[PDB]
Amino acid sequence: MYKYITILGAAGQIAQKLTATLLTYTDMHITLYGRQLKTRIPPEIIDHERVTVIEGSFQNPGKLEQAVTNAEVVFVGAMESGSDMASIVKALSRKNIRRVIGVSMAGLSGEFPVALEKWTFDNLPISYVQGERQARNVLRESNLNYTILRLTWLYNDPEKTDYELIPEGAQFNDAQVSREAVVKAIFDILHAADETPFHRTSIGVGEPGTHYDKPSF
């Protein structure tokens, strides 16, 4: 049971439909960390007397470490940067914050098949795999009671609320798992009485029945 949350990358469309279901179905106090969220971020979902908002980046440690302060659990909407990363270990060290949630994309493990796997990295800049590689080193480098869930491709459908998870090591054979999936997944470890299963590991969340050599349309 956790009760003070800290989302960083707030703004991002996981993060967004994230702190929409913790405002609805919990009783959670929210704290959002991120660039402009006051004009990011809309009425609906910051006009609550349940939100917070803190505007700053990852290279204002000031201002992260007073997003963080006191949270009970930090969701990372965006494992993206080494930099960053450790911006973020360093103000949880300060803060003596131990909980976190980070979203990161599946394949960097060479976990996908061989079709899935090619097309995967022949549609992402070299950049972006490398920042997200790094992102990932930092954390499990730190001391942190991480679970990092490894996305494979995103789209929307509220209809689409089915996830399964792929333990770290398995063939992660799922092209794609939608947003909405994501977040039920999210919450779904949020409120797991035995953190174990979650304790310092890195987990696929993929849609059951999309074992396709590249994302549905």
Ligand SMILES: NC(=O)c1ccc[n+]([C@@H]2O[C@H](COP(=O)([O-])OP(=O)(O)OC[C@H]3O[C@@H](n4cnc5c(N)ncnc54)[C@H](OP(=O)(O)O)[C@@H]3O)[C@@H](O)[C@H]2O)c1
Given for the second form:
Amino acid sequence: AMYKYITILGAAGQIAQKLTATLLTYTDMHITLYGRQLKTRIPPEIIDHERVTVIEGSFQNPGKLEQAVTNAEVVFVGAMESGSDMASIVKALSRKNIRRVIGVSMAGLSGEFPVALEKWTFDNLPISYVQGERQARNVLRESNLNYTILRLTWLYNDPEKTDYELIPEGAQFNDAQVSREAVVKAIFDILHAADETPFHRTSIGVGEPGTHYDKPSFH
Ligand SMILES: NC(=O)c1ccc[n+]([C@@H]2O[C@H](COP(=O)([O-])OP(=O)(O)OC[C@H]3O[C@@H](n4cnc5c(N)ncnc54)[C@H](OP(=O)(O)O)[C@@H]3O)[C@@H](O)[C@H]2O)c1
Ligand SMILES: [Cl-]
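Given the form deposited without the ligand, corresponding form solved in complex with the ligand:
Following is the full complex, with the preceding chain placed first.
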């Protein structure tokens, strides 16, 4: 990896948990997991791993967040749903002068989906969720962070489908879906990128190739 110490914020999330297992199996990274009630949620083989540290708390707990990112070289933000939560995280990172962040957001906010997929997508999301995501993004942009935003299309689970393509900012986003396992691979690959340039304060889409559909199929 390009980093040794990573803090995963929102560590019980589906992508976060899969990322955790992948980083334990395939790297020598030291991982700090943060989120609500982790000790009674995260599997025992993860909690008891020598390279795992577990801290319980919410994105609105300044002291605990700061503890969680104290020794981080990179921070993964597992949800970007709330401006207020994003602000709390940015403030904690600022207090410890942590700079490198990878965050996951929803694709489509900027009109990048083609018309039918865009229509289906917004028919299937509350306005409040969408505008929350847009606000979280704005907060991250205002920060001093060397961030990468991953704009994810519709998610599903399939260990056999780990192919992904990155979609540059402003490009038409034609992929209607992507597996969580493929997103984990994309995160793994960015964490191993010798050249961070294309990921430096950029917003990149992640989609499954060949899923040019009018709606996600989730399989
Ligand atoms: N569903 C889709 O198709 C889709 C597509 C694109 C993007 N996304 C979004 O991309 C993100 C990652 O996907 P995912 O499948 O891994 O979602 P996920 O399972 O819901 O994981 C998100 C995690 O963030 C945690 N979290 C959010 N706010 C928090 C707070 N204030 N304090 C502590 N923890 C907090 C949640 O904790 P708790 O479990 O304790 O509530 C949850 O475990 C999510 O934000 C998701 O909504 C979803
Ligand atoms: Cl704790």
